[PDB]
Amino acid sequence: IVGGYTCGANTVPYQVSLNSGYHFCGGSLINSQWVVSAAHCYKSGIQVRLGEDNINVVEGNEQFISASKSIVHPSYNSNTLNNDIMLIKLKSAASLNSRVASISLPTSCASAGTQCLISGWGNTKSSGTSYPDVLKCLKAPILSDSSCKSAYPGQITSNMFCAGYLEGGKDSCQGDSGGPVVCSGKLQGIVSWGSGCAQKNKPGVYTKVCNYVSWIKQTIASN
């Protein structure tokens, strides 16, 4: 997250870190046994780390649970990033508490202008590299479809939305991928892609979660 703030320990209780020897992507806990992330975060050997603040220090609220099954969206296209969503099932159910909690799925899509909370352990610099140990947060509005398409001609599908600031300076960045965009208490987005980070006229692009609620629910119901 570039241009954000330190969230505070365990203040984003649905935020997970995906770990394969190190943090490599975010995700969102959607029930005791399932995490939503980005399909482009897929790999084998995932351990889901819940209850994290500093990802390099055991601080006492963590739960580390291996993935038992990954399910990349049936229509994910890694070239265009259309349908950039996957589900991860945990080998055991997380123990839910005030610091480890699921985030509601949306029953309705969100509109341009709605404020949202974007979070992660990604790079905090738009030129150069500095990775935080503690969770970072950014409040950002959803941008209109028309301004998203004007920023990224030929690249925005109906499964994507932009959020952030056209003036630059505030955005998600490398290492935030797969993490949450929460608006009014609902998971509306997944950190997906953008051209660089925090550049003028290049806002972040996010997977439009409301389009996937039916798939998420029926996948969970049979897996």
Second form
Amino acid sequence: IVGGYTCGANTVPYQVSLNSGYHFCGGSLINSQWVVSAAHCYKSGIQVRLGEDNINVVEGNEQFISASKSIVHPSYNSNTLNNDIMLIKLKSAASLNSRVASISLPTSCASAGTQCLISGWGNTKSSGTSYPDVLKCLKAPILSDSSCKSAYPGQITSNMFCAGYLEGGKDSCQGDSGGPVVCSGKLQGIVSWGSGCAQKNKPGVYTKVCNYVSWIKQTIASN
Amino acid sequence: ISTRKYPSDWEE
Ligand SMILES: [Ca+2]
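Output the structure of the form deposited with its partner chain bound; the preceding block shows the form solved without its partner chain.
Shown next: the complete complex, the earlier chain at its head.
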């Protein structure tokens, strides 16, 4: 997260870390046994880390649980990043408490101009690198489709939306992928891609979750 | 199109 703020411990209790001997992506807990992330975060032997704030220190709210299944969207395309969504099943159910809780799926797609909370442990600089210990937070608006498609001509599908600030300074970034965009208590977005981070006229692009709710519920139903 | 995995999409 560039130009954001320290969220404060466990103020985002649906946020998880995907770990392979190091944090590489984020995710969102949607029930005790299932997590939502980006398809491009896919890899074998993932450890899901729930209840994290400082990913580099044991603070005593962590549940570390191994992924038992990874289900990439059947029509994910790694070149266009269309259908950049993936479901992860935990090997054992998380213990749901105050600092570890589900986020709700949306009933409807959100609209341009809504403010959302975007969070993760990604980079905080738009030039060079600085990686935080603690979870970062950003309030950002969903952009019109017109401005989205104008920022990235020919690269925005019906399953993506832009969110952020066209003047730069405030964005998601490397390390945030797979993490949540939450608008009025629903998961509307997944950190996916952009050109650079927090660059002028290059907003964050996010997977449009509302398009996927049936497929998510049926996938959970049948696995 | 640069994905936002750490440290990068291409670095893996
Ligand atoms: Ca920790």
